[PDB]
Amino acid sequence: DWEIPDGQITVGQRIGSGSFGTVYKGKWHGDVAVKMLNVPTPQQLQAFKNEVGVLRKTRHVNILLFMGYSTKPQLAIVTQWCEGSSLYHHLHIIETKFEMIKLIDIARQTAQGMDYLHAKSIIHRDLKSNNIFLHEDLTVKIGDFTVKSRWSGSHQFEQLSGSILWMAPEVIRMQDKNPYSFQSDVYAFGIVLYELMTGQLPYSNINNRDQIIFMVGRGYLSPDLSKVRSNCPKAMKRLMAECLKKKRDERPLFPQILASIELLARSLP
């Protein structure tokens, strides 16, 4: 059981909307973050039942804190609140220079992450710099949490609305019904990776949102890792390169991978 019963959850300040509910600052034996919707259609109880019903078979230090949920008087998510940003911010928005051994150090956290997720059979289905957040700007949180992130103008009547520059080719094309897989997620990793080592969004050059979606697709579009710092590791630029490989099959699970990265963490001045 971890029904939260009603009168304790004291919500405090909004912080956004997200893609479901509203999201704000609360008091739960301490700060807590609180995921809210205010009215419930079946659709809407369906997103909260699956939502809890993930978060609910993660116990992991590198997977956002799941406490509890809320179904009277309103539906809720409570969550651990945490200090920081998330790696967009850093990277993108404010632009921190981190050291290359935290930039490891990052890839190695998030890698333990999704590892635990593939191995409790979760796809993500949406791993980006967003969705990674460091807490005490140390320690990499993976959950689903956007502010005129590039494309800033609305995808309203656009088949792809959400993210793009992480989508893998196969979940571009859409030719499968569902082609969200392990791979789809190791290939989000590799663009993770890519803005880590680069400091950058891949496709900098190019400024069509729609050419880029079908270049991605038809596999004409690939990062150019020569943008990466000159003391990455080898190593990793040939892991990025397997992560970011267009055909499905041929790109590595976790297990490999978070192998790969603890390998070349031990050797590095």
Second form
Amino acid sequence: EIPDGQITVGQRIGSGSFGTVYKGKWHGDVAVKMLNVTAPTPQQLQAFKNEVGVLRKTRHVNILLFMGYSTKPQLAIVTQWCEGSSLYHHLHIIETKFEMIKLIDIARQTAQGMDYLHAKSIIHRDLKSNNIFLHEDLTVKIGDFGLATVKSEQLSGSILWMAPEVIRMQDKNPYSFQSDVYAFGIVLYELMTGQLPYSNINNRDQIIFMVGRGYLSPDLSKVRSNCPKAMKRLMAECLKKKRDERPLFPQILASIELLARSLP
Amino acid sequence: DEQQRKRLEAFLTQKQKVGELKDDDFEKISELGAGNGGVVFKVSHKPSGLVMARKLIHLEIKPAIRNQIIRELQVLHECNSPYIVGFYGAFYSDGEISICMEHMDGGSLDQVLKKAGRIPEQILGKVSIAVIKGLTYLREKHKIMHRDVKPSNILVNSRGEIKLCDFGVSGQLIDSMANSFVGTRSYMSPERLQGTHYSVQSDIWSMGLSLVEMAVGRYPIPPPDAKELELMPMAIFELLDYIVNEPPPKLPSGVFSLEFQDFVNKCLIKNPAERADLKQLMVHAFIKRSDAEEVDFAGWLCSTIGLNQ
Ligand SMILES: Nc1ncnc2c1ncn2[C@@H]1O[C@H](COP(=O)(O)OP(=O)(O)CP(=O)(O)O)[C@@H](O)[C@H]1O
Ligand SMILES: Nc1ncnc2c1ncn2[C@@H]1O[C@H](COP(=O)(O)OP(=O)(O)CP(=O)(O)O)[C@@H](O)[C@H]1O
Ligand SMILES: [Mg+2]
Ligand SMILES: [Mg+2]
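May I ask for the structure of the form solved in complex with the partner chain now, the form deposited without the partner chain having been displayed?
Below: every chain and molecule of the assembly, starting with the one above.
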């Protein structure tokens, strides 16, 4: 489970909400990520060991496999490189124009991966379009899932995909299956508007406070005109402020597939 | 004043000799610190020989929007003032936006505050004057707000100078920064948090909240317990709900001037309309009390870090 200096490290790629990733060499094309958390209390390290254990086993075609963790150079995690661009890059940097069937498809495969993860009782906890890659522009690979111990509670990264209860940080643990379902709804918002939520608000603390207290939610009028009605209803169901009202991925997958059948 | 005209001009001349900024022309000297999204380095510009500070922002954004940001930062070339950090240039290269500004060997008041424990009211007087004068210059002559007033945004140097930096000249930059990089605390007015735009009122609140903190050496939301006030956390949603729902911070009873307590109180009232304005603060009694005073701010700063000047 724990490698020891065997690994090679390469070009700096960039840094996210809980680590810095570089292209590496644990074998052909691995992707290694030095975690922000670096002084692990032994109580924290134990939970990390067991979480990596649960993560080693996860194999699914819409999921990027997690290979191991190295502590000795620096506490790092190691995962497969992904030649494709992330979904955030396609939508929001290069503005890839897709047609509705492929957007629905991307939604479907994401839902397949999330349903596999919830089937194995893994809360993603960091679902963003930043963490969905389009492999060779065809398959979907979800990454950066699990690892609850490394993310410590303070928020970090982008607020945009966090549910109200995640933003409040008032429950024992606010992250649940339905938190993932909320994040996934923001990703559906992304797919169906080509746009991030709250494009009209440039005050980050305003967004945090107002979606925290249920005063602000995505503007669903900005969904594009060829968006199926069923898809828009599903989006709205995923984004309910109260977590108990959101659906679980088994019925989300059902919904999306039965939707995708009845297309032109 | 005589001396602002002198020093400002000198900056403009050795800015005239800088020319066009290119990445290969900078050598890294040392690290000045990092924020939520930016990193700052003390660098040497070889063709001119100047030493400056280079902020580097790494954003994942449409190239159209990045070129918009660069165009809008170009406005900094005309925001020249003794209360505004000197600006040399801004450009894009190797995935990074670079903002080149004059180096301030005092650093920010955020760090100074860590090194001094508390900052005396005497010194906060001169600081308040510098910030009010800067916000005023921004508003009167460029119709632009700061939008991010806080001690990490107030820079000082060993020549006694106090200057503002990181003010909102590029809205695209703000809205980019908004889509990532959560922080852990906030200096955001209660009117802005609820989506109200009452202009320059937002920056006055922020300054007030700054003052309290540097006066006591603690970010004042929430107020300290009676046992922790003796010595003279919250996730960010709780902080914001506290700023919105509960009454504003306050200075301690006797340890501070009555005029200073009144100044911060008028800065911190939660109604943006009855809160003090720039022209009112400018003539507040603590402000005149402090402008009459003759302090050795350069020497005080140096004593708080290093050698006297
Ligand atoms: N297995 C992987 N393969 C290729 N690139 C990866 C990768 N994992 C991360 N990256 C890329 O490295 C850069 C930073 O990684 P990181 O995941 O930390 O940022 P991020 O935008 O995904 C926010 P988060 O930390 O919440 O996942 C990103 O550009 C990301 O797309
Ligand atoms: N012209 C300048 N001269 C000297 N030091 C500077 C400087 N500009 C910035 N710095 C230093 O870099 C540090 C970090 O700068 P930056 O503005 O990116 O983050 P910040 O400290 O303002 C917190 P945030 O990112 O939340 O706004 C500042 O505290 C300051 O000490
Ligand atoms: Mg990621
Ligand atoms: Mg700053």
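Residue numbers count along the first chain shown, from 1. Take the two forms, superpose them, and find the largest set of C-alpha atoms that agree within 1.5 Å; that set is the rigid core.
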{"item": "Flagged residue of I213, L239, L201, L65 - C-alpha shift reaching 2 Å or more between these two forms, core superposed", "value": "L65"}
{"item": "Threshold 2 Å Cα movement between these two forms at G18, rigid core reference", "value": "yes"}
{"item": "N130 C-alpha moves between these two forms by 2 Å or more, core aligned", "value": "no"}
{"item": "Displaced residue check between these two forms: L258, CA, 2 Å or over, core reference", "value": "no"}
